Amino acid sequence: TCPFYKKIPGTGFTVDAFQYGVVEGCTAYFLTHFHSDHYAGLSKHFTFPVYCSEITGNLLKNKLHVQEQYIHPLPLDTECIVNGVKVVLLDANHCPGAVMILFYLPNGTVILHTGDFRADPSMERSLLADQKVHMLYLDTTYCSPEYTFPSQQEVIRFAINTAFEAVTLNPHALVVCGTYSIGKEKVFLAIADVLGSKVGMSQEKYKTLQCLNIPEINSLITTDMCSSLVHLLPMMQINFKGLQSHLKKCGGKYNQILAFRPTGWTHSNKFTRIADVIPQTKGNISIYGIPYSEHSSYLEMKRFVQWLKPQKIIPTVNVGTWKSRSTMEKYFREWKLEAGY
C-alpha cells in the first residue's frame, strides 16, 4: 500500500510510486529520476501513463524496456496540461534527467515536489519566483546540522589535481573510478579530460551513458579498455582485492592504481577539510573517498526553505522512525521562527 507522502491530493497523481501494484484512483504516475529506490516496480509489462523528463524516458525505454506508448516525456521550464491539471518540471540539480514537479491544483493550491535535489541559489530565479507555494514535499536526506560537505566545484578541483599529479609522476599508473547508478559523471569526465584520455567501461555502463544527452559524449567515453587510462568499475569492486584483480587483467600495462569512491557524506566530514583528505594505501594501490554529494547540505536546504516560505512541509526521506520525524519537525519550526513566516 502506497504511503500518503507519495500521493498528490486533489489529483489522480502519484510520485515515485511503482512498487505498490495498481494504486486506486491513479491516472498518471510521475517519475522524478532514474534511481532504483524511485523506479522500483517498473518493467516492460507496465501499462499506465508515466510522466518524466526526456532523459528519464530514454532510460525507461532502453534500460527497463518500458514500451514507448506509455512513456510521456515533458520539456523543462514549460507549462503543460496533464489530465486537466497544469504542471511544470524544473531541474533538480541531482543526477541527469532529475526533476522537481510544480502542481497547480484546480482549487488554487500550489504544491512543489522536490524529488531528490541539491538546493542552489539559482533556483530562486527559476519559475518558482513567480507565485506562492502552499505545500512542499521535501528531500530531507541530510536534514541535520552535522551534515556538512564542500561544493561540487571544490571536490572536482581536488580530484583533477590529485590524478594529474600522480600520473605525471608515474606514466604507468591507472586511474579507476567506482559507480553503481547514474549521477556524479563529472568525477570521471573531469579526470579523463585532464589526462587526455577517454573513459573506458563495460558495454552495460556505456549503454546507460548513451541515454543522457551529454554534449560530445562520443568524444569522451569508450568500451575499448585497452585504449583508456581512466577505467570505470562497479562500486563493489573499489577495495584492495577487487583492484589487485583488475590490475592483473591489464597485461602489465600498469604498475600502480589510484582509485576514487565518490560517497555522499561520511563522518570524516565532521573533522577534516577537503584539502587535508588522504587515501587508504596497500602496496601499489591507493583509494580516495571523496564527498561528492548530489543532495542538499543542511545549510543549502535551510536557505531554500527560508526563501520559499511554504505553509506546510512533508518530508520524503528519513520518515521511518519517530526520532527522525521529531528531529525534522523541530528544525522546520526553528526555520519558520527565525525568518518570520
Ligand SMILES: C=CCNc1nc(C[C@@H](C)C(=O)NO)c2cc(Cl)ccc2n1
Contents of the next structure:
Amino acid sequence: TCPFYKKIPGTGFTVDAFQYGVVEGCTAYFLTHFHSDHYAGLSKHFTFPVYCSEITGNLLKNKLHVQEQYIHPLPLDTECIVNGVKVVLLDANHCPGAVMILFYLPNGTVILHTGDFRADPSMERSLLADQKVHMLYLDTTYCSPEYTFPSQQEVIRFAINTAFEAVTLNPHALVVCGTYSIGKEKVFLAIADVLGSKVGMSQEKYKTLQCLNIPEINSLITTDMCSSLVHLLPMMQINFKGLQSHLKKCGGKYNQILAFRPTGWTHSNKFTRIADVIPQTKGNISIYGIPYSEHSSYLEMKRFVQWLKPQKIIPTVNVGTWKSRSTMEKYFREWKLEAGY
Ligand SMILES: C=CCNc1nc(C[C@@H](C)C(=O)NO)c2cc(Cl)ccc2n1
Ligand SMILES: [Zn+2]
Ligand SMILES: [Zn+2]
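Form solved without the named molecule already given; the form solved in complex with the named molecule follows:
Let us now look at the entire complex, which starts with that chain.
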C-alpha cells in the first residue's frame, strides 16, 4: 500500500511509488532519481507514463529496460505541462539526474517535492525564488543536529591529497574506490584526474556511467583494468579480504592498495575532523572511510527550509516511529519560530 507522502493531493500524480503495483487513478508516475529505494518496482513490464530527468530516463531505458514509449524525460528549470498540471524539475544536488519537483496545482496550491537532495544556497536563486510554497515534501534523512559532515569539496580535497601523496611516494600503489549505485562519482573521477589515470571498472559499472551525460567520459573511464591505477569495486568488496583478492589479480603489478569507502554520516563525524581521518591498515592495504554525503546536513536543511518558508512540511524519510516523527516536528516548529514564518 502506497503511503500518503508519495501522493500529490489534487492530482493523478505519485512520486517514487513504483513498488505498490497499479496505484488507483495514478495517471503519471514521477521518479526523482535512479536509486533503488525509489525506483523499486520499475521493470520492462511497466506500462504507465514515467516522468523524470533525461539522465534518469537513460538509466531506465538502458539498465531496467523500460520501454521508451513509457519514458517521459523533462528538461530542468522549464515550465512543463503534465496531464494539465504545470510542473518544473529542479536540480536536487544529489546523484546524477536527481531532481526536485515543483507542482502548480489547479487550486493555486504550490508543492515542492525535494526527492533526495543536498540543500545548497544556490537553490535560493532557482525558480523557487519568491515562489510561495504551501507544502514541502522534505528529504529529512539527516534531520537532527548531530548530523554534521564536511562539504563535498573538502572531502574530495582530502581524497585527492591522500591519493596523490601515496602514489607519489609509491608509484606501484593502486587506488580502489567502492561504489554501490550512482552518485559520488567525483570521488573516483577527481582521484583519477590528479593521478593522470583512467578509472578501471566492470562492464556493468561502465554501462551505468555511460548513461550519465558526463562530458569527456570516454576519456575518463575504461573496462581495461590493468591500464588503470584507479579501480572501482562493489562496496562490499572494500575490506581487507576482498582487497587482498583484488591484489592477486592483475599479476604482481601493484604492491600496495589504498582504498576509499565513501560513506554517509558516521558517529565519528561528531568527534574527528576531515583532515584528521585515519585509515584501517593491514599490511600493504589501507581503507579510508570518507563522509561524502549527497544528503543535506542538518544545518543545510534548516537553512533551506527557513529560506523557503513552507506553510506545511511533510517528511519523506525517518517517518517510521513516534519518536522520529515528533522530533522532526519539534525542529520544524523551532525553525519556524526562529525565522518568523
Ligand atoms: C543513510 C543514508 C541514505 N539512506 C539510504 N540510502 C540508500 C542509497 C543511497 C545512495 C540513496 O541516496 N538512495 O536514495 C538506500 C538504498 C536502499 Cl536499497 C535502501 C535504503 C537506503 N537508505
Ligand atoms: Zn537517493
Ligand atoms: Zn533515497
